[PDB]
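Listed next as structure tokens is one chain, alone, in the form solved without ligand NCA.
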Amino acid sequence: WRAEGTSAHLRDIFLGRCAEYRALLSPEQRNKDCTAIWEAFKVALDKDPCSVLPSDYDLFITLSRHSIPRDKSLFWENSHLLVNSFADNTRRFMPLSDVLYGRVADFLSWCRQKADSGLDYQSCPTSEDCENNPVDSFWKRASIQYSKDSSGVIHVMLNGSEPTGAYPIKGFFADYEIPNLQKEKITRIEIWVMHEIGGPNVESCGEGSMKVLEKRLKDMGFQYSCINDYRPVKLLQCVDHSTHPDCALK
């Protein structure tokens, strides 16, 4: 297999993350059974590493699903760390990584051995090794739920320094989230196209792939807007380049 082996101590981490997240939930929905949640997730670890479908995680979702505050959803592509850092544990925004069912698996890997019953810590199938592996099918199901339950102002953070452009036509955002947005409960979609400090400006609002994304969103009838290097996030990026002309203060 051509992808990371399952994460060491998967269960403790999962349960730990789940416990800490409960505290964030409001009491009226704080009653989440982390053990039951782990057992529903655990199902994919009993199947063939190439025979897991997004629907296998349905129970998991039912047991961990909770509401996402209006105008608090934050989608993204090629900016994982900047998103978690900026969102700051649900304080600023609530991206998938900061929603119960996403928090428990963020950055982790998992899959069962090809022929044995135990977990494969050596490697796990990549989308290329086979389409229906545990990790991809997981995110597809989680990405779908996240989009469906998002409302208000939809924020999206894309990478303008990414060599393949800011919008991957075949990413999770394009194939599993955009098609699941409830236009009925979405006011407008705002995009933040970020560039590395000094780093390359491969694409800015309205250029290359950004035209394709913008066109799709507008055809689907969404109110659309795009901002290059949205200030708050730029300031966070700047923390690591305090002495760079782009980061100098008045």
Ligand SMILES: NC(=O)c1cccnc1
Second form
There are 2 protein chains.
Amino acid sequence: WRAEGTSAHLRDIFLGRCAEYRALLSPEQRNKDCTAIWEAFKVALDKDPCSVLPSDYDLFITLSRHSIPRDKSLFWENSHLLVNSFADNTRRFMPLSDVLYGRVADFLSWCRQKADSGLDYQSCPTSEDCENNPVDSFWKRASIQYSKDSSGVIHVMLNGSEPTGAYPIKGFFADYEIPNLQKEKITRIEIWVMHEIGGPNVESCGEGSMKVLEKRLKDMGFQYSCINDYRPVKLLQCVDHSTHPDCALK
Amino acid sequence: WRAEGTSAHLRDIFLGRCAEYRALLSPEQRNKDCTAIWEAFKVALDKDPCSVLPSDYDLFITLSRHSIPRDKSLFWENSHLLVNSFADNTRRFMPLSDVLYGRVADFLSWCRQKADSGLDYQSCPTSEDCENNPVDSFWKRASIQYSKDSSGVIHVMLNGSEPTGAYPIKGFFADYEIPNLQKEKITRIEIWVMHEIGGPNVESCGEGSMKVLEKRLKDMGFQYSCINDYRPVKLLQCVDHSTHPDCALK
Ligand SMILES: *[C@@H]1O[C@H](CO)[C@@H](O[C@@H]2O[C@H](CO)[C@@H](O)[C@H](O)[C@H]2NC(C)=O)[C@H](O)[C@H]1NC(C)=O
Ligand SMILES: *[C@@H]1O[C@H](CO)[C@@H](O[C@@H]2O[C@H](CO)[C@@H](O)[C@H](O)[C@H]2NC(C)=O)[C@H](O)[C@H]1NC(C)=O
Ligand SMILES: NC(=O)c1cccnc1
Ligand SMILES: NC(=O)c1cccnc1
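Return the structure block for the form solved in complex with ligand NCA; the form solved without ligand NCA was the one displayed.
Let's see the whole complex now, leading with the same chain.
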């Protein structure tokens, strides 16, 4: 295979993450059964590593699905860590990685042996290796869910120091989330184009790809707006470049 | 008992944290047994909620003890969340809550029911209820170990907006950490007295309790220094007060 092998102590981690996340859920929704969630998640783990479909994770999403505060969703591209860091375990925001079905699988990897019945710790199929692998189908399922369940003001943090462009016209946000946003429940969409401190300003609002994304969102009938280096997040990046001039306080 | 009962799903959480922490450990140190560790830790959950000594966690420490990067230790008082936050899971610094024996219990509570054998999810003997309770003893033990395995530059984060002064003469830093710092392997001690954004500036370097701390550290032969609102951390605080003037950029 060409992707990272299945995560060590996957079950241990999974159940643990799920365990801690409960305290975060509202009482009415605290009732989650992690072992049931794990048992359901495993259904895809038993199948051929190149024959897993998003729909396989339907049961898993059923037992772990839960509400997302209006105005607290945070979609993103090329900024996984920064997103996790800023959101702060649902405190500031609630990105997919901060929703039960996302938290449990964040940064992890998994797949069954190509021929054997165990877990392949050597390597898992990437997108190229074959489309229907467990990790991709999972995130396709989870992201679709996350999008349908979002509401209010939708925020999107993009990387403007990304060589190839801020908005990947072919990533999860573009292919699986935007097509699944519920217009009736969304008031407007806000984009945060974050540039690296000092880093290359490859693209800012309304430039290049950001023009495509903007045109598409508007064509769809959404209310659009874009911000460059949204201050709160700029400050966070600054935590690691305090001496740099872009991070100097008055 | 004047303290919160044992955390729900204590074992799952303990085991989950441990599992994920291994990934951060160095290769020739990554070989840890989370179940054995939990088993050792649990020895205290089989005792009288008021008859647990730091020694009882000895074996637990033996099975979890691991080296701490030089210059990476970060002691603190009155700023638990900010410390954890700024430390970023061993990325920026490595506080006791980011050491395996400290991570597995960070923010969790526990203690067995006085009479019965089961855990008490109702309450737990707080320091005043009786000194030798499960939680306190655990930390006394974890603290001493942490102080002992520290070397290089010692950073300490204190809270200058604290109503009682930045340095508590009776606290873990005071009663268990400072007393166990191996002087021979410490270059110097640096203090960060952080003030709330706009918040009350009760004390700053060289004032109030800070004079008491500074004297002891020096008298002890350490090389002392103090910084009001260390910039990196100030910027982190600023993340939640971007519009405030103390957080204004240029
Ligand atoms: C935003 O995009 C840039 C460019 O892709 C990312 O920078 C790269 O980060 C990796 C990991 O640290 C480095 O190996 C590369 O050398 C970086 N490239 C450059 C030109 O510096 C950056 O990490 C992204 N920011 C976020 C928050 O994801
Ligand atoms: C620094 O100390 C202050 C003083 O307690 C903390 O602020 C208080 O926080 C508590 C809750 O943790 C509130 O009930 C009080 O109203 C706050 N008082 C003030 C004056 O702000 C502050 O959170 C501490 N900072 C850190 C990082 O621990
Ligand atoms: N970890 C995440 O939040 C995530 C991963 C893959 C696709 N979309 C979101
Ligand atoms: N919980 C903690 O991280 C902690 C408790 C007591 C002393 N030092 C650190």
